[PDB]
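Quick heads-up: it's one chain on its own, the form deposited without the named molecule, in C-alpha cells.
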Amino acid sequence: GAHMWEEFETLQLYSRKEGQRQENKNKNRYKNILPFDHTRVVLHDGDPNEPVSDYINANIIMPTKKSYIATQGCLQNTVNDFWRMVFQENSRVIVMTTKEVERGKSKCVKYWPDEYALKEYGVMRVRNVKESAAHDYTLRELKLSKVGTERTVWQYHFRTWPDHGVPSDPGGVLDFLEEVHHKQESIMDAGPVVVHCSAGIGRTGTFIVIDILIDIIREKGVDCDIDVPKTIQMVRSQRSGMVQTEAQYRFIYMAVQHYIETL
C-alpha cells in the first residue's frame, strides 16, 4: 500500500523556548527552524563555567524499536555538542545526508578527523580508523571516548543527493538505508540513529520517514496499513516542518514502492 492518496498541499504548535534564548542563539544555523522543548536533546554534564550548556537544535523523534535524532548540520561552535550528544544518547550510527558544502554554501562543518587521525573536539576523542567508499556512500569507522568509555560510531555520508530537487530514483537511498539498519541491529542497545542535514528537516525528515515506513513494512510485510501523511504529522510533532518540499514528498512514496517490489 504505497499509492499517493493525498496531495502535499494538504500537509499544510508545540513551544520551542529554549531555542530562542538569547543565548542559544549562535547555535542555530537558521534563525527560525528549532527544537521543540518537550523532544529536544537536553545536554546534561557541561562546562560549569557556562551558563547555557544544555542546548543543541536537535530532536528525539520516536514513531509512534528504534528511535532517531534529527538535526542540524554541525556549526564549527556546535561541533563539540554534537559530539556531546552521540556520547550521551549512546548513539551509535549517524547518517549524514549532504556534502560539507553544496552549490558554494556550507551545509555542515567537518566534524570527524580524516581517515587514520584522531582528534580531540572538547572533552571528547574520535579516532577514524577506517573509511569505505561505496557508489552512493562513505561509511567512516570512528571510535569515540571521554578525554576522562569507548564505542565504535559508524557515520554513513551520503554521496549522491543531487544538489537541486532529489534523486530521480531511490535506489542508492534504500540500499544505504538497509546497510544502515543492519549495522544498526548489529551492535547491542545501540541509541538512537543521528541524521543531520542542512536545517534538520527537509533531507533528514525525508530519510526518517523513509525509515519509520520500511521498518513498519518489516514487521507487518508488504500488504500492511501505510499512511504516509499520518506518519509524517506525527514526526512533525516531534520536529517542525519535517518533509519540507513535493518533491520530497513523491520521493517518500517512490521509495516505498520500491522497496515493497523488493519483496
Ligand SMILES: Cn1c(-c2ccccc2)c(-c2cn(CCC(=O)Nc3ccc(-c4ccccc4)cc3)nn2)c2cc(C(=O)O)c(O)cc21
Second form
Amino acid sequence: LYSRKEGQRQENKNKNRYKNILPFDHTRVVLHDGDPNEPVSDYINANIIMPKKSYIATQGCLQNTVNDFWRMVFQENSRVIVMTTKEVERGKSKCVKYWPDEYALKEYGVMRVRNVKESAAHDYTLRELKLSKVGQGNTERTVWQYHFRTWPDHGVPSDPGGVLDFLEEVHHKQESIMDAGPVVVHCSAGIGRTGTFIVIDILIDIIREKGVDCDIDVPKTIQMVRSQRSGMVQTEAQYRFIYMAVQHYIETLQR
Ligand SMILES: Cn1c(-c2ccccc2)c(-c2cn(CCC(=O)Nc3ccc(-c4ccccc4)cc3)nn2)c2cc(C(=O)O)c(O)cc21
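Form deposited with the named molecule bound, following the form deposited without the named molecule:
Once more the chain from above appears, this time first in line as the rest of the complex follows.
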C-alpha cells in the first residue's frame, strides 16, 4: 500500500544517500518550480510527518541536493530546522554543510541564505539564517537552525535531559512564529535519529495538552510515523531513549 517508486527512478539515484532508504510516494515532499533543464527536479528524499504541527523527516544534504534542500525549506515555509548529527561522525559524512559561515551569505541555486548569527547553547548551536528567493522581493524569512551536536558517536544519550531541553526550545521557537511550516528534522538517512526526535516531540506535545496522566502508546506512535516514512526509529537504544524521554518529561512536569 506504500510504494517508493519516485525514489527508485534512475534520474533520482544520486539524490539518495543510501539506495535502500527511500520516501513513500504518498508522503514524500514533492518539490515544485525546479530547473526546467533537469530531467527530474521534484524529488528530495524527504517525507511529511503528521501526528496542526507537522514535521519533515529528511536525510542530511548531499553535495548535489543542497539546492533541493533549500527549495524544500522555502516551499514548505519551514522556519525551524533540527539537525541531529555533526557534518561528519566517525569519519563518515552525514550531511554536507548547507549553510554559510557566520556573517556570510551564499546562493544555493535560486535561494539566497544569509547566516546572520550563530549562538552556542548547552547541547546545541543555533544558527539564525535568512532565506529568500533571488528572483523575487518579498520572500525573505528567518530560518532557525538548531544543531544538536552532543549526540554520542556510539549509541544514544544516556540521559534524555539535553534532547528534552533542546526540544523545549525548538517547541517555543516554532510557536513564536506565526503559522510556521513543518519543522524540518534530519540525520544521516533521516529515519533513525530523526525518527527518535520526532516521536519524542509528538509524545511530549500530547502530554502538554492532556496532562501527565494521559495514555501514552509509544509503539503505536512509532508505527504511525512509520506509515509515513519507513524505518523511523532504527535501534533498540533509540526505542528505549524515547520511553525514557517521555517519563523524564512527565517527572519534570510533576514539579
Ligand atoms: C545510517 N546510520 C547508521 C549506519 C548503519 C549501517 C551502516 C552505516 C551507518 C548508524 C550506525 C549504527 N551503528 C551501530 C550498528 C552496528 O553495530 N553496525 C555498525 C554500522 C556502521 C559502523 C560504522 C560507523 C562509522 C564509520 C564506519 C562504520 C559501525 C558499526 N553505527 N552507525 C546510525 C546511527 C544513527 C543514530 O541514531 O545515531 C542514525 O540516525 C543513523 C545511522
